[PDB]
Amino acid sequence: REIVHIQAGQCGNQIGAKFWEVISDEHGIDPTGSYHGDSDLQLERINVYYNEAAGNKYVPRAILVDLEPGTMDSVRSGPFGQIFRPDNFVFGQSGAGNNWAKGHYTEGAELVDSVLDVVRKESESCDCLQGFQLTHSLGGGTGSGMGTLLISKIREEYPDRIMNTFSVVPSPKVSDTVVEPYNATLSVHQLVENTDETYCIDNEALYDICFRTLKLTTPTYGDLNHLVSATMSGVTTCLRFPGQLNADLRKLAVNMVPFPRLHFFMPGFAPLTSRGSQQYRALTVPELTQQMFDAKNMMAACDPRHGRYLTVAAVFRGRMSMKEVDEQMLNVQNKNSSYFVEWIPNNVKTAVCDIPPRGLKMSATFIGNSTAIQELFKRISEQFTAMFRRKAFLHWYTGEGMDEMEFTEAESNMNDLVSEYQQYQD
Amino acid sequence: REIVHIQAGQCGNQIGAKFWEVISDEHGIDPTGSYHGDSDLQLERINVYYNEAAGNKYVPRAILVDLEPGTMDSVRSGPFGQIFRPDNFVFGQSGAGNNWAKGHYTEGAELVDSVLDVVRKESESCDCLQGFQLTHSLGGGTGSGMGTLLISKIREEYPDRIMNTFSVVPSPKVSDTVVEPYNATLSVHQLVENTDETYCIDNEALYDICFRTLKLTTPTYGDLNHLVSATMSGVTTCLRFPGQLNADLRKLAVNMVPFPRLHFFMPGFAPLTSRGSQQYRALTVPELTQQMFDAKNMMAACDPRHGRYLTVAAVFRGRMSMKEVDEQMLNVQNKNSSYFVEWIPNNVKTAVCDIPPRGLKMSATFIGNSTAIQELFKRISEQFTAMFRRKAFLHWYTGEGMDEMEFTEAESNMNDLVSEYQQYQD
Amino acid sequence: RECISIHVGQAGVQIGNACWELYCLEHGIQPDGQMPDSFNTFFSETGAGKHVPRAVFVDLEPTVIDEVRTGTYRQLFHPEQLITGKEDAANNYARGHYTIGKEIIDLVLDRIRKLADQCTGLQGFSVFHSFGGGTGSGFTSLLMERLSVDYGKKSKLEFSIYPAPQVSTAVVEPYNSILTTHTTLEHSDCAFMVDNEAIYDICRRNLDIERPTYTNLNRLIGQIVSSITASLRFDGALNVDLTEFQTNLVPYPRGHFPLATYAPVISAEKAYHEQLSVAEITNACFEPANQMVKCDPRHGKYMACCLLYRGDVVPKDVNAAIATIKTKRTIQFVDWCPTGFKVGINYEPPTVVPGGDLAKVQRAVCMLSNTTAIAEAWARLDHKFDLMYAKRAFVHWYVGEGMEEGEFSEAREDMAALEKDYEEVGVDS
Amino acid sequence: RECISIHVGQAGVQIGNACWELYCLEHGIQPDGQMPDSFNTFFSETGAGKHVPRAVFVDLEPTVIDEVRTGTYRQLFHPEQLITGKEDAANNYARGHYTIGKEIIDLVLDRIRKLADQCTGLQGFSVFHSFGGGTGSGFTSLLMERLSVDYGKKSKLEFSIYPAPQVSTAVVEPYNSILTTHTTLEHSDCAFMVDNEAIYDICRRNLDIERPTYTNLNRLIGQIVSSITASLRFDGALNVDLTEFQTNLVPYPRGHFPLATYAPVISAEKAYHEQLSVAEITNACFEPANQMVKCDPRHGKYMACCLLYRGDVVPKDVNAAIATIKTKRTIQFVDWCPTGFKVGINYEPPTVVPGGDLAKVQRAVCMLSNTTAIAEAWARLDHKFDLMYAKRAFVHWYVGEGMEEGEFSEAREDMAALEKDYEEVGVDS
Amino acid sequence: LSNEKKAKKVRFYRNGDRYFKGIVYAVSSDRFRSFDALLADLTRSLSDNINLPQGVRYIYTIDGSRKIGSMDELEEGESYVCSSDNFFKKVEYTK
Ligand SMILES: Nc1nc2c(ncn2[C@@H]2O[C@H](COP(=O)(O)OP(=O)(O)OP(=O)(O)O)[C@@H](O)[C@H]2O)c(=O)[nH]1
Ligand SMILES: Nc1nc2c(ncn2[C@@H]2O[C@H](COP(=O)(O)OP(=O)(O)OP(=O)(O)O)[C@@H](O)[C@H]2O)c(=O)[nH]1
Ligand SMILES: Nc1nc2c(ncn2[C@@H]2O[C@H](COP(=O)(O)OP(=O)(O)O)[C@@H](O)[C@H]2O)c(=O)[nH]1
Ligand SMILES: Nc1nc2c(ncn2[C@@H]2O[C@H](COP(=O)(O)OP(=O)(O)O)[C@@H](O)[C@H]2O)c(=O)[nH]1
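Protein chains in written order, with the deposited numbering: chain G, 2 to 44, 47 to 360, 369 to 437; chain C, 2 to 44, 47 to 360, 369 to 437; chain F, 2 to 37, 47 to 439; chain B, 2 to 37, 47 to 439; chain I, 46 to 140.
Extracted from the complex, chain G is given alone in its bound form:
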């Protein structure tokens, strides 16, 4: 099987560097080097993310889409930056304006064809394609607009292969932009109707989870990114490993989406202990479920405790008892019968790889489909209206060839999306 990553925008891009920083080491691939793999198993399934050309050069099969040179020229001028074949860099030296409209209708719409071109060169690579990974932020141009287009096109070209989306939904407390809800509401819209698996991460849900669950005092972006990339590795790549009970994107999809919206999840990693001290090793297993299922530790902003779950997928990856795994999951399902929805006898989807995260003994990625994420699109949707009402920075959109009915559309859509999700919380 296979997949083809997609680094839309700067963020989605910045993260690319971290997702690939990791993944590679979790596959023994040095900058341009080959497979130094401490083992021999980190190779029989690599294909999922690379391509064979030389014999020591397995190049990441991702796409780097962005209308701001400097960015990709920071990712390509640093560490692992020199492993991507230049063909991968689909830049847009234009003005990468922070407008969803500027990267979806006017500026991005041009650079698109020169992207799809490659997304096809990579898809028609070889063997059988599974789906595409998509990273980006719903709070900018090259991210929400142009990346949200990249998919609307992808999903017309292969409505068969899957589409996981890793979105950095606009953090609450403080937004890293001003129109944010504009660029956001507009991209979520496109999401709820193309990709079929979305993993929403919040820069501040991370800080928290990174400053209190990792006594880490100076959580640089690199970190946040790093933590995130840690989860997306547990998801995909991982399951493309052996296991007593293994799954793969689809299983994950076909066990997690009760209703076609596409629904968004909230990823959570397992061993998340501070370096030295904490290295408690309390990782027998009840310790991992202890972790994963708590409020804090959910990369999302919202707290599960604020709304039932529809599905859950503990994708563990480290030798354990299909008994102490299958078992724990249960008590968990009974101690919290309250929030776990009922019309699904077994919400949880236990998954079990074998080999764990390179240096760790036992981990377990969590992919939750809780109704709690209602209380986020609400947020976003609110911010919109409060500012849409006055058409705040709307001239930067319309003046870019947009529509007063376009914004209406998205909000509503994504706004209805909130509605539905409640239809199950009850």
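One thing to keep in mind: the hints can contain errors.
[Claimed, not checked] EDC-like, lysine to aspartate or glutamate: derived pairs with alpha carbons at most 20 angstroms apart: (1) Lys66(I) to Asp116(C); (2) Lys163(B) to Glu113(C); (3) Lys176(C) to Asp327(B); (4) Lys50(I) to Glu120(I); (5) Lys112(I) to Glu123(I); (6) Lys402(C) to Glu49(I); (7) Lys51(I) to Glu196(B); (8) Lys112(F) to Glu417(F); (9) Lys338(G) to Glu127(C); (10) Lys163(F) to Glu113(G); (11) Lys394(B) to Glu417(B); (12) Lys338(G) to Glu113(C); (13) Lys50(I) to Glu113(C); (14) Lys66(I) to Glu113(G); (15) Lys430(B) to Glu49(I); (16) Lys280(F) to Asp33(B); (17) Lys66(I) to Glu113(C).
Simulated from the structure, these hints should not be mistaken for laboratory data.
Add chains C, F, B and I with the ligands to chain G, keeping to what the hints say.
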């Protein structure tokens, strides 16, 4: 079986360091080290006080509650201070004011939830829980107030598991504080109605017993503490050892409490001879009962000779004849028929471990439930009224959100408690 | 990628020489042009040794541009790029815009079309002018004017030094500033503003010196500006393009004018004192005594701030220091704006003049923003105008220079709707 | 955890320089700020290599704060933290509180809000003033005043140097002290008192020297004070927080004023004599000739004492030395108070000036307490007032300074109920 | 015998939580000069980002019918709700 110690306040804390200083050696556990145990028996039952994580790191399962950093930061910065998992330290950097009200209603009430949290993490450790050990002083904030709360909550969470309380009731002659009877009367109140086994120690009953029963001329606190910790080791931990006739918290409880008040005891150690010289070894056994049952040597302030007993528990721990033990106890019960209450044919509860205190040949902890302790709550209760009458330092309580009926309550309650206890002395 | 710059008016040129100084100073390029892409968005690698500037200089009296071609830096620019009109400056808009200023414009443009070509996919022109002058108000007015048409497809961020609230110089100043605002308004992208007087306060209160030479205020803007282009167009952990600004900074087409602010302003001689915390500098940003503008947040609700940091800064430190702020409320942000905080993180710490009077910390915050506050500053400057116009005062000086009762009265009405604009976009929910 | 300090009035500043001296002296921090948490509750680690002061200095004449920025220690504080009002001091409350003193307060506060922020969960402000002064009585009056509102949620222990019983200085003194008492009364937590004259006795009778420079009395309080904050906020066998005080020390809301006392006051040159016993020093505490206050326990029943010990002390030694006392009866403690003995044990012994005149023992007792005794001291100081007010004496000096017949007469009535208060809470059962 | 009436004990709840049993706070004239000051401390104690946007901007009645502007409206052993912008959801606050 198991238990989870609780170091409430500074005192209760300071003592923690001594109770664990000891106990560990009585279980071969070096600072962070493991079981160096001279034997193999000091391990089959440790669980009662530790937890398995590494394989050399059996960490004490206690709680360190205090609103004054410096304290726990003296216990954690000294000797065995680096054995407690940091998670154990439930500090309250607030102003640990010397007000019962400041650590029970206003300041402590906040830090409570972050405590109960852990008291549950430790309780739900493993196997089966027996009860919790509680150390503190009834003459301060973090001690009487906040610690007296910790239990009122504990006893709502597991009205099944037991609750031994080690209280440092306000010594007579001189009070190491001023409101003392305020912080005290208020905590005894909470005690008579939650914990079901209390061992009251008096800093001056110790001095005495430590300056004349140990020619010790400079009895530092460390000492007093050390002596106390010596008794609480004979009690618990001890009985969690084999024995011709062994008991355990409950036996101790179910043989010592005739009436539900909870009743408070007065612990007494056996071989209490000065170092060099005195090392008379007159410890055949009549020498231990000689000891234990005399006035002086009762960690309490009051003197047994001033009031009958309801129950007694000579918890011996050193190879002896179930005959010379069971026998002695008798004469003792007949030479003093006067004070030993009659409606209990056999007041005494002979208990007999096997292995003795590490370096000693034969010892025997004494846990007396004498009616004499009436003449102490009297004391306390007096001090209250004499100062309550004028509302002395009451503004420091009320001004902290208290009630003029709260103080009334406690005194009465604890005051009635004096009454009852006399109902048997007669 | 790049951003040309047109320093217009003696002042815009003095400030220019300054901002231009700080540059090489933190790029290791001696005044001789030679250093021993990255920063190519402001310097062209002409010949095979040098670093010819990436801007131009426009003054109608030679005096001031002359001094540049005397003092080291003399070697820095191309003899060509420093435009002059031996003729007359005239502290009057009209003459500088219409009559005289006209003659030069062509030539001027030519360079910003000759320098705009040589490059590689540029982003815009950082314009430097002094609102209340002759060559600075007027001229530019039509320079920016002729740009908005020749390159509507770019960024037009004009960095202005608008009229000291009480310490103005020219007698007419307002005439010249109500006129540079109305003519440039419909042409700029984002107009940065640095108040000459309100900067003195900083030199008195936050650095201590009653001896502030113009050469200092220049070192200052010369700093805040370095935080804009220089370092930003320079790689970092959270890059921010020029476009980025106008996008994240202007809510509405009016060439909106944010305010420049810097965090660490502390005098050398203090240079040893234990440095300030990430929290303190952040907080210093919300103090109306450190903002290079006499527009004290007397009520003006912020509506978007671009916190450009530089030096050793942990993103969490920011995505926290800002969080704390977002909840101070007494800092009230506009309604229609949930979050208006563009966090720009650079790497290389600031770079203070070897021995001027700037502390020299290892981290700074050049936060700029649009604040409903200027509702004031514009007001107070508009009123000025009327008083004089109300009597025609120095009107005969413009009329006789190819202007009319129109341009004045019709540029007054102009700003009028700038007093209503900056009022409506705020104060209301 | 910490406790800021505001030394107000020349005196409060002289005493300040002193108490501030003893500090570094026993913390190995040379006058250069550098030493080669613990004590962080009084010193901020500005980085960095230095320490600086965790306090401020407020005088309306420069003279006295000036001298600090001359003599080594010059390096210790921040040039900023030493507030001055070049204007006029005026040995009159009114002027210092109202009229003049007002102008500075804001600024003053700013530091105790700027220094109060920088820290980590503080506990309060140890205030240092000289009751009968202009800048010391008045000013503070409103400083503590503005504190009780801005941080009602903390400790306000003001360390005063109230009027020598017969050896006063200012002619008005009482006017200034009946006024600092009434205005601060409803704002302080615990007011420590050290009598200037009654300290001389100690210098004559318990140290022998008819040459006591102010610089000495300061070394003394500079000692007793070190026993309060310094060492106490410092780990020990029986720690005592600041809150602890007010709690274990004030029976009633009146900002009650205990008295400071020290045990080992013996002159160097005696320095070799065999040291005193734990029992002797303890006993010395109940002698009305060693208490830094002319309030000889002429009848005043103690109602709470905080025996702060430091050095090598066995808790039993104390919990015995005190027992012996509790039964001396001639030391009669209040009725409504069973036990009123807060035993505070520290480790590190005292630290005497290298070569002043203080013995230098290996253990001391800084016992402070509330004694029905001050019923006197207040009385004798109140009476004073009347005599003059009875004739208006220097009244025109205040009136003409924004005060009225009100503030005087109405602050007299104030203390009146302080003569009844300190009477009722005792003498009766 | 001076005149006094101590502080006021209230149970503060954050609008839209139906989970957190609010936090108890004391209020008086010596602690908080006004509602703004109380709200300032409330932001710190109730500080969140799920139920309360900016933590705590206003205090409403147990039902949310009217928001309190003066401390004089706070009665002992009372129940209050924290608001900022969000609307009242009427939950089992005291139930
Ligand atoms: N910050 C700063 N402000 C300056 C400087 N030089 C002048 N100014 C200010 O800018 C205005 C002066 O403009 P002028 O120098 O009179 O004129 P000009 O804009 O150069 O053009 P002409 O009127 O034709 O000479 C006044 O408000 C000055 O305070 C400078 O070097 N730095
Ligand atoms: N112990 C001690 N007492 C002092 C010292 N300096 C002054 N005093 C006493 O404090 C009072 C003097 O206050 P002043 O110096 O007149 O005034 P001030 O309080 O500094 O403020 P102003 O009147 O405005 O100058 C007198 O009672 C002095 O005996 C000192 O260094 N140590
Ligand atoms: N986790 C994370 N978030 C990022 C990174 N970079 C930008 N963001 C977030 O992305 C949003 C801004 O969008 P941006 O990526 O600049 O948009 P674009 O570059 O125009 O497509 C803000 O909410 C940032 O917090 C990153 O490297 N990691
Ligand atoms: N045996 C004993 N008593 C102590 C110790 N520390 C304080 N005490 C006693 O505890 C009382 C004071 O309460 P304290 O522990 O300071 O209260 P808290 O710290 O505010 O909770 C006094 O009666 C002391 O004699 C100690 O280490 N051992």
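Quiz item: Quick one, are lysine 280(F) and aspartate 33(B) close enough, alpha carbons at most 20 angstroms?
Solution: Satisfied, since the Cα-Cα distance of roughly 15 angstroms is no more than 20 angstroms.
Quiz prompt | Distance restraint between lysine 163(B) and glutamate 113(C), which requires alpha-carbon spacing of 20 angstroms or less | solution = Cα-Cα ~16 angstroms, so holds.
Self-check item: Holds or violated: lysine 338(G) to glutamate 113(C), with C-alpha atoms at most 20 angstroms apart
Solution: violated, 26 angstroms
Quiz item: Within 20 angstroms, alpha carbon to alpha carbon, are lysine 51(I) and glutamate 196(B)?
Solution: holds, 15 angstroms
Quiz item: If you draw a straight line from the CA of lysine 112(I) to the CA of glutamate 123(I), is it 20 angstroms or shorter?
Solution: With Cα atoms ~14 angstroms apart, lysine 112(I) and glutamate 123(I) stay inside 20 angstroms; holds.
Practice problem: Decide if the proposed pair is consistent with the structure: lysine 163(F) and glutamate 113(G), CA atoms, cutoff 20 angstroms inclusive. | Solution: holds, 16 angstroms
Quiz item: Given the hinted pair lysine 66(I) and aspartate 116(C), is their alpha-carbon gap at most 20 angstroms?
Solution: Measuring from Cα to Cα gives roughly 12 angstroms; hence the hint holds.
Quiz item: Given the hint that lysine 66(I) pairs with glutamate 113(C), does the C-alpha gap stay at or below 20 angstroms?
Solution: holds, 13 angstroms
Quiz prompt | Pairwise hint evaluation, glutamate 417(B) against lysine 394(B), where the allowed Cα distance is 20 angstroms at most | solution = holds, 17 angstroms
Practice problem: With a cut-off of 20 angstroms on the C-alpha distance, tell me whether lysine 50(I) and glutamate 120(I) pass. | Solution: Distance ~11 angstroms between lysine 50(I) and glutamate 120(I) Cα, so the pair holds.
Quiz prompt | Given hint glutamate 113(C) paired with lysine 50(I) - CA-CA distance at most 20 angstroms | solution = violated, 24 angstroms
Quiz item: If you draw a straight line from the CA of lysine 402(C) to the CA of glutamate 49(I), is it 20 angstroms or shorter?
Solution: holds, 15 angstroms
This entry does not satisfy hints 12, 13, 14, going by the numbered hints stated previously.
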